[PDB]
Amino acid sequence: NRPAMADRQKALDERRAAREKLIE
Amino acid sequence: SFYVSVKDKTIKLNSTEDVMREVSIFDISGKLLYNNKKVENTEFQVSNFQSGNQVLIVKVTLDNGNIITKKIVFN
Amino acid sequence: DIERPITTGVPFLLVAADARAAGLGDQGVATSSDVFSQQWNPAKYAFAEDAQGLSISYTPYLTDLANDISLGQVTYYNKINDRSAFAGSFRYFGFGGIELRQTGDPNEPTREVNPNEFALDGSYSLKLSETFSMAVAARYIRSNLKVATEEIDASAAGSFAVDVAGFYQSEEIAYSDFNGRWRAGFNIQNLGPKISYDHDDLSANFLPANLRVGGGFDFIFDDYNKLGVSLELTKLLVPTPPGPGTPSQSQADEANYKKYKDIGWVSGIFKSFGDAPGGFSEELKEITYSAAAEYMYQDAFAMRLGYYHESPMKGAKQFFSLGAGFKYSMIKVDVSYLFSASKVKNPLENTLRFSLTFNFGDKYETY
Ligand SMILES: CCCCCCCCCCC(CCCCCCCCCC)(CO[C@H]1O[C@@H](CO)[C@H](O[C@@H]2O[C@@H](CO)[C@H](O)[C@@H](O)[C@@H]2O)[C@@H](O)[C@@H]1O)CO[C@H]1O[C@@H](CO)[C@H](O[C@@H]2O[C@@H](CO)[C@H](O)[C@@H](O)[C@@H]2O)[C@@H](O)[C@H]1O
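Chains as they are written, first to last, in the deposited numbering: chain C, 172 to 173, 202 to 223; chain D, 1040 to 1114; chain F, 21 to 267, 283 to 402.
These are calculated hints, taken from the structure and not from any lab test. Note that beta-carbon positions come from the ideal geometry of N, C-alpha and C, so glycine has one too. One or more of the hints may lead you astray.
Said to hold, decoys possible - Derived pair list, reagent style PhoX-like, types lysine-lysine, alpha-carbon separation capped at 20 angstroms:
#	chain 1	residue 1	chain 2	residue 2
1	F	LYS293	F	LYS306
2	D	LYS1098	D	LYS1051
3	F	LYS320	F	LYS352
4	D	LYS1070	D	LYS1048
5	D	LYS1109	F	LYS166
6	F	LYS214	F	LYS294
7	D	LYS1109	D	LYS1098
8	D	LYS1076	D	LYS1098
9	D	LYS1048	D	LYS1109
10	D	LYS1070	F	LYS380
11	D	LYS1070	F	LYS352
12	F	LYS255	F	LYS352
13	F	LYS320	F	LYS214
14	D	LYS1046	D	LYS1109
15	F	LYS166	D	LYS1046
16	F	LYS380	D	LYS1048
17	F	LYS398	F	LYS362
18	F	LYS255	F	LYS349
19	C	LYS220	F	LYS398
20	F	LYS362	D	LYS1070
As the list claims (entries may be wrong) - Now the stretches of chain F that chain D is said to cover, found in silico as 3 or more residues with beta-carbon under 8 angstroms:
#	stretch
21	123-133
22	165-171
The whole structure should be built from the sequences, with the hints applied where relevant.
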């Protein structure tokens, strides 16, 4: 037709990277 | 139609065609300073020494349970 | 009961003036940044999520006895950059209009007096690091509670004070069961010269200089549920007056009061600390504390429990507090209620505090 802690930490890291990259 | 007057440390209630049943005078602290259940549209002499307090609250209960509230300055 | 309370001028400055902090046990130094964060901790105005905010707060007094006797607050904040913010707040305690009447032809013109007490302050907050911020505030206090009569002068008494605040807010940190957040705060309040109610230097009252130190933690579950637990400690920075005797019966008390009242406010700040032959435990009786829990759903519903404890030796203000908050689109409504647990009657018992804030402007992301 074209371990919740680890997931939460990955989501936080992705949010941090995206917020850092978007403004610059 | 209701008036409270203070001339010389004396409280004077005036009601037009309305007769009061009870009067209560409170301080700003909420302490009951005076209470009379036999109001006759007359004057009231509360103790003159109030430790620097001037503002008083007068609650008047009429024939019916209606309550009239007046803030006065005790002078 | 209350043995040797600390006597300060303009005590109305110590009353919580917003429903959100009132519902959290009269604490705001380490809670989340909001529009009311001027009486508690201006330093978190730099951590605001909205660019500009306005707020109106109403705290009625003696609701059963009379109307119009209340403490109102109007706050405005504007954060210009992502690092700095300006704020201005105005607190006003009033009895409402009071008519001065003699019988004297009751159609005669009458004089209306409004005895009041207000404080107007402006604060600047700047973020030093990404997690820490500081703030400096300047406040003008005026007291006009006296009514002019014969042999009574009703000139207002004024004073100035400064505020130094600091706020730390960490980033979201993932743990085993939740990804919480850490907060800390301090606020040194009401640092200024003594207020003279009678306009005489010999008869002056200390400003209620205060120190608030607090810390909080946010349990974040499901991205829609939050539980903020906050703890605050408060100490008055005013010297304690002499008591029964500190070695001619009344002469000793007169001399002790003479030496106590002849203390500068700057020196009084340091004299508040220590001044006891005992250790930390003996001085712990001058520390008030408060513990608060705020549940937050979708950042739109808030449910607040609080406990405020003074030592019954001074003040005797011990109570539990209930609070609720709602956010429709840009309008936030807070209500708070108090259950007293002290022997002395709390003037704010059976009273529902109201708060209403409008948020507008740009939105800032939270680090
Ligand atoms: C003098 C003393 C203060 C009076 C100033 C009045 C200004 C009103 C601001 C209204 C406010 C807060 C209101 C809540 C606070 C009230 C609390 C009261 C409590 C009382 C107890 C949101 O209110 C929004 O409500 C929206 C309705 O849904 C409307 O959107 C409008 O629909 C269409 C129009 O029909 C329009 O096409 C559409 O573009 C709008 O989006 C607007 O009314 C407004 O944007 C502010 O938010 C925003 O408003 C705008 C201007 O609109 C402000 O821009 C600046 O305004 C002047 C700056 O000073 C400058 O001149 C101006 O150059 C500058 O652009 C910003 O501030 C901005 O952040």
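Open item on the list: Output the indices of the hints that this structure fails to meet, ascending.
Closed with: 13, 16 and 20
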